[PDB]
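Okay, so here's just one chain, in structure tokens, the form deposited without its partner chain.
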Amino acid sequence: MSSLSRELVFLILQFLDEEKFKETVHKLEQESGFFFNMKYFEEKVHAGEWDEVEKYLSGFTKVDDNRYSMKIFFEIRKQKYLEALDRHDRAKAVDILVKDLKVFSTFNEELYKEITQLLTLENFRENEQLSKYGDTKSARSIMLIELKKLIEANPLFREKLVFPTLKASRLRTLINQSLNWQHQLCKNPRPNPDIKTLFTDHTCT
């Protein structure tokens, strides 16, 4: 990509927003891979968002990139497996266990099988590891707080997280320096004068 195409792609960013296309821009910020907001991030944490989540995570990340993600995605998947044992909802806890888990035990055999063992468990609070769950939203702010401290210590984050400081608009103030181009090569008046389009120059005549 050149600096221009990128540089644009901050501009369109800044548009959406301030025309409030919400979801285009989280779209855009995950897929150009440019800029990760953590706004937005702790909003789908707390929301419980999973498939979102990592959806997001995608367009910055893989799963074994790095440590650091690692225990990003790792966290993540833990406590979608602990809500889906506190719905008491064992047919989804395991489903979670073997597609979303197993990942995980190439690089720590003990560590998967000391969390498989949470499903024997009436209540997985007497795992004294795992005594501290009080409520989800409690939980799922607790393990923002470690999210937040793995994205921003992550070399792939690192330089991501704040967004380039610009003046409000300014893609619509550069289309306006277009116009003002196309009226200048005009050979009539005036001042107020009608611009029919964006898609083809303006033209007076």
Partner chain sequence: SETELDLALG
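Residue numbers count along the first chain shown, from 1. Think of the rigid core as the biggest set of C-alphas that the two forms share within 1.5 Å after superposition. What changes on going to the form solved in complex with its partner chain:
- Relative to the superposed core, residue 182 undergoes a Cα shift of 2 Å or more between the two forms.
- With the core superposed, residue 20 shows a C-alpha displacement below 2 Å between the two forms.
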Given for the second form:
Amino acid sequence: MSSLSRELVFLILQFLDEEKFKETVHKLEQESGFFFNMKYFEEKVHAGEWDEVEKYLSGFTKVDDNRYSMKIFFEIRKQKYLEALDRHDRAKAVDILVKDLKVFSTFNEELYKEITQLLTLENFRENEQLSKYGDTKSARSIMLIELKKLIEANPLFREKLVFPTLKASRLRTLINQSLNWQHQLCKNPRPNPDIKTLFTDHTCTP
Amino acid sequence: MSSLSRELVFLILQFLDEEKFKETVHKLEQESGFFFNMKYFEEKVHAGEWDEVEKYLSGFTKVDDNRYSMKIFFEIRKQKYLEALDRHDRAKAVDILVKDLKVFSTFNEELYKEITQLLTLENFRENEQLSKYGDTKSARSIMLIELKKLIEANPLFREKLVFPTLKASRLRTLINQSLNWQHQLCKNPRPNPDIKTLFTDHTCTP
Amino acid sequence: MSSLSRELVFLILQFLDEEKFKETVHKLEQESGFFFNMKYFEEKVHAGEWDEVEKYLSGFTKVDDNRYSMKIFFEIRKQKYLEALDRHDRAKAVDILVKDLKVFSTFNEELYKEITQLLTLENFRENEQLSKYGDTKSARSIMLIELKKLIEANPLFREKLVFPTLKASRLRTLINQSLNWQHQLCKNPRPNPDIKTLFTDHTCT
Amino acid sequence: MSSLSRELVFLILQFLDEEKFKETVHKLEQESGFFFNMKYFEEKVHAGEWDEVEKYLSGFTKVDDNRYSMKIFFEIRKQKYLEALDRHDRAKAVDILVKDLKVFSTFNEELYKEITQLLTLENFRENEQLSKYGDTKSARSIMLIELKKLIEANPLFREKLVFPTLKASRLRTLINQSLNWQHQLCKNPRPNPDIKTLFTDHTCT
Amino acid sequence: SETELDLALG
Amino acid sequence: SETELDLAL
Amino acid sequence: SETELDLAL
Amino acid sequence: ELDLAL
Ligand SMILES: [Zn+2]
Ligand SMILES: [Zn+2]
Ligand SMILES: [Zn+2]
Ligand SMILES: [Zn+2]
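Structure of the form solved in complex with its partner chain, please, following the form deposited without its partner chain?
Following is the full complex, with the preceding chain placed first.
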């Protein structure tokens, strides 16, 4: 049952972390969707790596799955947009507005319009709701605090936020047991026994 | 018999491929540097995903590690450059020329200059060496055949190109053996012993 | 009769036009603001030379001088903006929206917002007020017709649209007379003298 | 001959300047090609308005007319290119290199190649010949002094650089004479003739 | 008829 | 409870 | 048909 | 003088 195969993925995650293959760890987290790594998420948000942030999230929830996950994406894309305005790249800002933020217009027509009109301001802090924003470093941090709460309350993350606690190198330990079980079905071995590979079962002679 | 860690990575690679975690497979190939996946490499080259191609390669070699790998990177960045010219994105063509192609000027001065001067042509096919060039589809295919040979000859790739061949799901088979070894140390069993987890050893008690 | 200077500009305009100094003519029309040249205006509007159109207009009226001149500018900058959207140059469209169209917000705040929101549409013809638009060539022509009426009714252009009518080279004709006045005073004359220059008066000796 | 009429252009230039139509003056200088205004030229070069600089020049000479004028354009376009590099706008820099500087390649390939390769440097001040270029402002000024000399030596400009000197309002003075010549032909003159227009000759009765 | 002096998307 | 799940500036 | 480490077009 | 260079 997957209640097993799922555990195996966690063992592999631990192995990967111990061998320090960092990028592989998070791709496996993402593609399996078994464990959401906050520490990693925060790190990418602070770095403003938005493409990776959305890619990583997409392993866990889609934009419209529920109100929590919908605010999560909305907050992320909003910040993406504001930073584009702040670096005065209006071509990119409109691209974000059309590709990323349009999905939210259907249920908030008015908000989308309000966000659109930020394009025409000298500085979006002229908007009274945004009057408090500085600086990119600080805005991200404030937003992140919000994101953590949203994720922690989101039902779709509910069993995914705490890594199981295991002895070191559990997968290596299990593998070693398989060699013991292989050998304990053997014939007349000395207590050597010479193990050639993990790829095919061991035997003593031949 | 030599490296447990190394052998275990292959089992995980097989498992990952069977569970169809595609991206994780190739990050692990890359970060472990144990197996270079030709099929994957060709696929990414044809698609012209250059950032990823260089990223994957970087798990096995740096640009200047040897003349083979140096030719490999040179060819790739050359093609990158030509495609930029061909879509008339001269801003990008110059960016490639400065960031990616400048490293090759040290060993070859005049060639870098000659490549630089392609910018000023109506069409780089006006250069007689490049008169043979396109389409893009075809140039990629031509260059790929060459790259394949360069990789196959490169000392850093030469022993990494062949996947071991295993029964399907060898890792899953091994995992099961560990459960059998765990249980055989039970005094003594449940009638059909029940295994709750992979995380800590199973034992039998009423 | 009223301004020597104003009349003299008209003579110079005619001279310049005859000598085919095209650009000089229209800079003088613009800078003097004595004559607004419709034919030129239409030509420039059709060509979409918007920078020059606004520059030429600027010799006559400012954007907020009156509701006529206000609509004229609004129409032009609106059209400028739509053409940018139509060629999918959103960088330019936003730039126009901020630099050119923001001034009209003071009046219709909501309209400015509506025009702003056109950015997010696949095709601005999805807006039902703009549903009849396209292509560029046609929109310009339709708009030109409207512009002409607006200009013709605008108080600041209203007495400026008709060129006085003169014999060819009236300026050259007058110049000739100044030489006749100069020579008729010299004593004692030759029958047919040579003109030394226009820079200083001729006499004989 | 027209050398007289050519003088008329000069009278008009003075008039235009006195009525403070500045842009019209320089359009007339350009299109007539009779007078090259150094002060204006310098002013535009210092401002880096390259489009207008080349436009004003195009009224006087083309790029290939002679080695003087060819060096003039080359210097202008070089500085244009360097400034583009200096603001790290490589898109524009290459655009300049192909549109503007390519014409000079035919005559000297090697310099064109060397100029091309400046694209790839951290700072073009890495080139030893340009190592001394320390400001946009300073380079322009240095280059400007060079241009003045090239222009003054250019055979096509050589008689075009000094404005003739006239009493104020020479054209207004002449116009006045034309009115005296008109009235002196009047049978029944009133000693105070009231002149209705410059558009058709005056008469009395 | 009186011209349209209004400012709108028309 | 308190997290506001509503979208705005 | 043998080693080509040729760095050129 | 009339030479074309940097
Ligand atoms: Zn054994
Ligand atoms: Zn048991
Ligand atoms: Zn005389
Ligand atoms: Zn009289």
